[PDB]
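Presented as structure tokens, the chain that follows is alone, the form solved without the partner chain.
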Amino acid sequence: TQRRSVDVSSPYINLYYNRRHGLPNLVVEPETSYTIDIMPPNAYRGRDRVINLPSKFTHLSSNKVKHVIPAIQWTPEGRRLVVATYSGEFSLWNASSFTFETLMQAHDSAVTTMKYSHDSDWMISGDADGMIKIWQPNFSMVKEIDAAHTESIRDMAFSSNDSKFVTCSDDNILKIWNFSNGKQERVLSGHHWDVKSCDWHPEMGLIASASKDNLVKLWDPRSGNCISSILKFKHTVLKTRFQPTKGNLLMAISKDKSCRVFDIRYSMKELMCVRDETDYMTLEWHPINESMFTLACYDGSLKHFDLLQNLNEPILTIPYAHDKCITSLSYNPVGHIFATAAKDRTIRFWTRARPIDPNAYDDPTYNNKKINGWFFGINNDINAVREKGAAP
């Protein structure tokens, strides 16, 4: 059987041939033969970061049982995508071919969050009943914390060395856990009402928490006391993330229809304040290129941004990216595949644009012309570019 494969092995061969021979990465021309000159996403910095924009709809996956997908997570090497379902199940999907079906039944309630360790040796998952499960990379549950939180776990983030990890729930507190023994270390007290998301700084000890009380707080993991508060959100603050690599920035979205990026190095200096007519629901920093992130909205409409290109509008909008509200985004660690999950019970994979493409920025994901099965020819096509978007 012949199918659409996205492997970065040959681009890495070309890139390392160029680097070992002192040859520069030649400019790609708008022609198909120049796709061989497109380097892996990790090789592009500066003005070449525009190449690492996921804009071409590549595949559409779905489980046998159409279940709500609260969270998706790539494996730390990007080999597989872990798709948590509302039925507390883990479905893996190979990045090479977007093909797998066998389930796992991870939890008993809806898995609300997953997070792999920076060392790539440990995955923690939380569910709707407050239980926290610690998983080996082969998905062998090794440790349960039955009552980590009274309410449903909302977000969990590992420390820089993965010795600790912070969790948040519908309760108004965050608690730091010692991973080695699975014992709770301290409670981050504050955050009236409800805390919705948390994140650990990639390099140093710093905790950012988003809460229903219109607040984003910065915590000291060593002491457990809030060190600064952000008052710039006029309603409950949804998912917040620092950055994958450096952490100099911090982004938080709120359901008041505003996304804000703060410079943590300059007293939470506001950098970007972008507002949308529709509600943002989740965000995802680019794993390789700083200043680049994607916002997912309630009407679909993936919105890719760039701090250095535009501080007011997205550099690229995919308006009909999903048929319903997008719940989770997940960039591949290699950076060549972007996975999105929505309430339409579908996983949609996005790859980088091709040098020439007749259907580029004209897919049913860009024009609302989704007729019956519009992805049958975009998911069963062995090649990528395809003749000029529709399907039987």
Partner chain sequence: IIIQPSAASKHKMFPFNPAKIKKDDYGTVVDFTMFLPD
Second form
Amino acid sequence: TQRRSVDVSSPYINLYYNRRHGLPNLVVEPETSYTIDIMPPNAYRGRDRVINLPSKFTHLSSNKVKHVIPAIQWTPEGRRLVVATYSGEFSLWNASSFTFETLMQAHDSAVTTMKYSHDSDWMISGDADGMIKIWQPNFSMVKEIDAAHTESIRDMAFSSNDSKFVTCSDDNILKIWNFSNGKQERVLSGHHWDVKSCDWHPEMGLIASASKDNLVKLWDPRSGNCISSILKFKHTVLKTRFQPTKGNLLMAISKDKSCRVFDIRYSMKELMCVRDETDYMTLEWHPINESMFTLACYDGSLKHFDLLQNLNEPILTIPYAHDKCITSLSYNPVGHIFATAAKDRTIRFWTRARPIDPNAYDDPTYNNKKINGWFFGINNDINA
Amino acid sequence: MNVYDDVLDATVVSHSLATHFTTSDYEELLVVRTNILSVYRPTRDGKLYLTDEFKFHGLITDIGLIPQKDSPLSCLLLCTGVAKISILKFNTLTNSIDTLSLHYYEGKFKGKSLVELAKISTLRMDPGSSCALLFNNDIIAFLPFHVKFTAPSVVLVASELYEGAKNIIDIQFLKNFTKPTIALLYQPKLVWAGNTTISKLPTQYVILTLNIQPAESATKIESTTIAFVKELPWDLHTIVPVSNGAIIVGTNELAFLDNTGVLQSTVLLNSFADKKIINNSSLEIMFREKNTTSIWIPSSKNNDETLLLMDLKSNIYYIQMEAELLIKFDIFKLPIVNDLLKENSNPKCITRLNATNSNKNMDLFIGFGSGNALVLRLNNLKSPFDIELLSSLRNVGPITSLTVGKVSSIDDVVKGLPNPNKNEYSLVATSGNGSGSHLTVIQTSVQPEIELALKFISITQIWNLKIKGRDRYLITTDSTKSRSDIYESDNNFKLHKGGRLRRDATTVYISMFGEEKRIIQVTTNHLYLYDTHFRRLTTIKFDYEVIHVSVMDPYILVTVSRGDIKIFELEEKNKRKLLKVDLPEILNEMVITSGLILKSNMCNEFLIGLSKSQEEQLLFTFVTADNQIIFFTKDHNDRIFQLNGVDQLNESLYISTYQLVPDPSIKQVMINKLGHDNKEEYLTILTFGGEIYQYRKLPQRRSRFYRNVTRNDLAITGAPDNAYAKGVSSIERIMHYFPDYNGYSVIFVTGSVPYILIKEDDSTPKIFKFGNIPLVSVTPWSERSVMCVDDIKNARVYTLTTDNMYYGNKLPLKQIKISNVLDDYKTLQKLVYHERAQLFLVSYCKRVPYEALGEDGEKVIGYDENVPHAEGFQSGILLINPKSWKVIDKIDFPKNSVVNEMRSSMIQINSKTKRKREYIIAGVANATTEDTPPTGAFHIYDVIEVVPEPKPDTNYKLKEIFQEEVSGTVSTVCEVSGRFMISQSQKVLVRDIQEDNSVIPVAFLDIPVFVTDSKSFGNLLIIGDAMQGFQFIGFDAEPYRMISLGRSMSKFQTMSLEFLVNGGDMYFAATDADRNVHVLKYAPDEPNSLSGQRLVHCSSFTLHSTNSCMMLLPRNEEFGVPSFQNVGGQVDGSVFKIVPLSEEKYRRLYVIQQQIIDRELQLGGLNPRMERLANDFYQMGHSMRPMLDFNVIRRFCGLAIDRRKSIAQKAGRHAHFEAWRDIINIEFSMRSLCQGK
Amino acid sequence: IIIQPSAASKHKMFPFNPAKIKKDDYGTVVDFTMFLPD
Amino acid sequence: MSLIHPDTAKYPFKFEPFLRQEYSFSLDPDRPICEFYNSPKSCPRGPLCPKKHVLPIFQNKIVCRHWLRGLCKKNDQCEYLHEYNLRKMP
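The structure above corresponds to the form solved without the partner chain; please give the structure of the form deposited with the partner chain bound next.
Every component of the complex follows; first up is the chain already shown.
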């Protein structure tokens, strides 16, 4: 029973052989034998960052009980993908072979968000009744604080040092917690309506939030007062994310169908304003290459953007990446797998493109002709 | 608390250019290895003679040329680090390079960069000498130059020049323009091999004329677009400007674009391209590198413009260009008949050496990455041709592995006498990539070849005479019993049975005299003058005992106990006279410690009657008690000269007139020619502390001597203020000069630790340890040989090995070629030494085309059999006996299998009796694509004595102990307390051993991404991760476990790991892909360490090249729990060591280093602190405990005595003493290899 | 950027004095007015 | 005194008492069983005892499938053996 395996081991062997002997990274040629020369995604930067684009569809997975997936998340080293269910269970899925059925019954209500620590030693998960559970990498209880928020937890993020983490819920209130004991620290009092997302700056102490008040606010993890606010969205801002590696950028998507990128280096300098006909649902920066991110629309239609290539249009559009609106995007921390979840109760995985494959950008994902993942082969490229 | 030193200097040539930099008399060649800029004089016959060498504190990334007004010397433009430009000028008055202007574009680049900057910026120079642009990526910094100041303010723009420019691939200045016009190659939409089927022809090209408008306060540039091209192939990466336009060298197409911006013709290379004049070629060549090295040569007088391209496999291609619109655009390959480029791969630079006033009969200097740099002669260029090797700069390629073993010291006795280098181990490293890969032995000392080992002929000191150069009368002496013997060296011996010698007094000196027609013997209190038949003729009674004798043909100089100077001259008429020679009256007043007769032309400008560089004058050189060197000629006329500055050992010396505090540091001086074929006059000074100082006489202005302090090439052998007294106390150190050792003019320094000074033609003189036994007396023997007598009365005749020995690079290098013409093992790696069997084991890594097969037997669909493929792997293990350096046994491995790690390990077979056997364990990983499950295997081998072939040294065989194929690539192998731990895909497994060769796993752990390296210190382990640093693991035995003790808080792509234990504490050394060296320690007591689970970052030290391997080696404690040090090999060919320090030693060396940085002047305006600590990890470790650079501290020894004393006064009272002590200790840290077993 | 005159000793170098970036548990304390939307 | 395989098994590390107090780890892997520990104060020498102590998790006879996959909810209270020996795999 030979399944499909996507492991970055042999590419890393090749990369370190080239690196230790001083050999250059040979340019990949459009042929099958040159896939061995496709370096791991962390090896590519600058011009050849286009090789890291998750353009290929490689696996469609769905659990036995087809619940609705409110959030997905990768393990910090990318071994397994943690899929939250409406019933409050952690469904794990191995990254190498995308197969598992490990129900865990994590929460009682619907798990709405999970977040892993930067040191890969802890996980926090919130649910629909404002309960935060702090987990261990082996998925054991470490702390179960009840009613940390009134309504459903929307988003939460760790600090750089992982001793603190901010959370947001359907309320108009953000809170800071000392991660060591879950002590209730200062409350980010402010905002007018239903904060929808929150994020922590990767290096600096800086909190970014999005609410229904048509405002993106920058907060203070120490003073606890709104240090700045962005008034450039004409409707509720669905999500905000800093650039994970450097943090020099900050995205935000609103219900006015506009995505804006702000350069925090020069007084909230706006760099992009892309307006679509379909609603943006969720966003995700690339974990390795900056200036690269993916936007998920209300009709599927995964859109990959590049700040250095185009400031008005996406550099790659997968118009039918999902049957219904895409609700969760997750990048493998290794960067070789992209995981997307939508309201069709399915989980789809995306990998980097191959030098030559017959489907290319023409498949039941790029066009509409049934759907399948061909889970019976021994390769990535499928003939015809 | 660690210090960084360069055991080996870098030897891969990365940049090269020709100009008039140091002088305008000849066309110089500038060679940049990694941080060393060397100035060479290419001879007529293609040899490279070094004239000046400089070492910079940062990695030199580019070198540029610009000419200054009213001067024939071109100013040097140095580009180091990231986005840096420094103007360098040569000051012939001081014979040193000085800095004219600095330009720091890094901060301004980051201020308008959306993403992280590229590692190295690229410098472009216009062929008009008006401006220079340094572009990193998407951002161009412009440096204009005046046609007052020499460079106006710098202005940088990203895409303000042309709106279209989005993703710049290459920028080049264009030729034949009255204004600075540049050409830009950029891809607004990025396309790779997977994007070729959606977006077609995404590369764009534009030519911009720049209106450089320098101003007093700023600089503005108004750009006018000359032309514009829209559709160009995706794989274009290089722009090669020519007279009529430019050549766009792509991975598969060459596109010619003129100065009007119209594509004329395109030449296809491989079957990997398709669709406007398209010239098709089936020659499957590929420019798969990002940058393709090439040399463009303008026409002579005539119309002959040639462009030579280069291939990663060191192929040269010829591009013809002729025009009336350009016609006949094509590509041709020039053949190599004698495959002299077979061992050379990855060329980096090409430079034309000799003008010749034509484009035929060329002289090319080409730097390479794997093989040695070659000077090539190309006689006739055609579309007969031939090539030849004129010179070579020894390159040890990328050091890919390191281990200690026995190369010398293998035999306990040689030629019936004990081995002169017994109990001595050496560092053996694998070198190069591919066909030229070999073994490089980094010798800790010079191993001398033995030709005669006669016993007990000397007691105290010998003298070998030459009646006609026939080795007669090897006179010996007995300083204890006051006896002297004659002996016959013509296979007679048993003394001469009477030859009218004294024989009853301590002979002080004896040598041939008067054109070998006389023999003069100076005993303790008497002087004699014999003949060839040894009949005594004249006797001069010395009322005072002699303590120094120097002899030239006419004169003999004798120095006595009160210091009286007596110089006698042989009478050329009938001899037997020995007339006295008059001396200046000042000589009576001054006190002299030592003296010698000398022959030099350094006074040929003050002496009356001659001002010619030739005709070196005979001089009487004397060293005073105030460390002053004085000298005078025969017809002195009471004129006494002196070398000014020797007393303070200044960086520069010159001839003057002597002008009238005894601290006799200087013990012996020597002025003689040193070198192999290009002999240069050098002034060598021996101190009573045993240290050796050297000076170089410039061929022009011969009255001046200079020393290089920036170049750390002279090894430290002693200390001034009685520190390291153990090097001179036992055996007196005397420098003996030999103009012909093996064709080399060397200097032998005797003592308990002997030294030899050897200078190669392409390098500065180097001081090498000579053997591993004490040396008492050395005399010339035969022709090109010496006789050496040790402290145990043994006598040995020595010869200098030359076959595969290089005597530069701070340590002798022996090249061991394991692959012959019969079998070529290609690149060698993971070399180990079997201690019990005294054998060396290596792994070959022959490259083969890769076939992408599925999980079943079939291959994947998209394979093309009509197309060239990518490279795979096929490895094995070789058994090599160091006695003959020959392969005894070889074992092969299946396809795609690469040995990622071999380790001769001490495996504990029995848990009860604790028995251990040194098996060999190899970690084999199957190198495949990402679309197949990882698989691998591990093998365990025994080395068992067998009956040799009816050929010696064939008595050992490789016997498999265990063998198993596992799931997941095996990337590392490590033994933990008798059990070997190997790494699978995201797992590490420990397996035990029983007597029945039964292997069973006992514990396991999960690793984040990929295991890059693994080391064990007892039952502790460190496992490096390709993305998230490394982790600390402890292993327990009875219940087997893999407790995770900590992880590095900083995620980086670690390359190699090792332990820097440093006494009671413990530290880890990690190297990243960013050329950084990270020191982390397991600190479980600090409050912020999370009880040890977080490894605290201590220091981040930026290296000048990528680290490939790291080893643990014991430290040699010269004065003072075992100590260890790390030794690492580098891609550029250098070897470095990290020597852990104590607290007091570290404080002393840190204060010395900061005082050197502040007080002293750095070469090219390079701050070592910013060359090393200015990385992405600067705000992570301790600010006041950085990694120390011994190269910076090495400059402490090069200062004047007063300045050296003042420097140590910054911290500590007697800081000079202990500072010299620990500097010596660090210098001799690797001498633990000299005392093995 | 820098013109090299012959008067000093350590000023003929590239300056290197990066200000120590104070970083607490919450992150690096930075100027909090430079984020003004302007 | 071997350069090739330097003696590293017995080295005076300053974190030995910490490595023994927690994780019950000693720099000597092959040390004799304490034979005075029951399964916390049974050891007369206490936690700082060179002889090896054994947690009750290590006396079980069946390895834990959840521990093999790294998903064992019970850290040390698990009734299955948390040790990788192929002899007693379920």
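Residues that one form lacks are left out of the comparison. Whichever C-alpha set is largest while still superposing within 1.5 Å between the two forms counts as the rigid core. Numbering follows the first chain given and starts at 1.
With the core superposed, residue 372 shows a C-alpha displacement of at least 2 Å between these two forms. On the core-superposed pair, the CA position of residue 145 changes by 1.1 Å between these two forms. Where the rigid core is used as the reference frame, a consecutive stretch of 3+ residues with C-alpha displacements of 2 Å or more between these two forms occurs only at 371-384.
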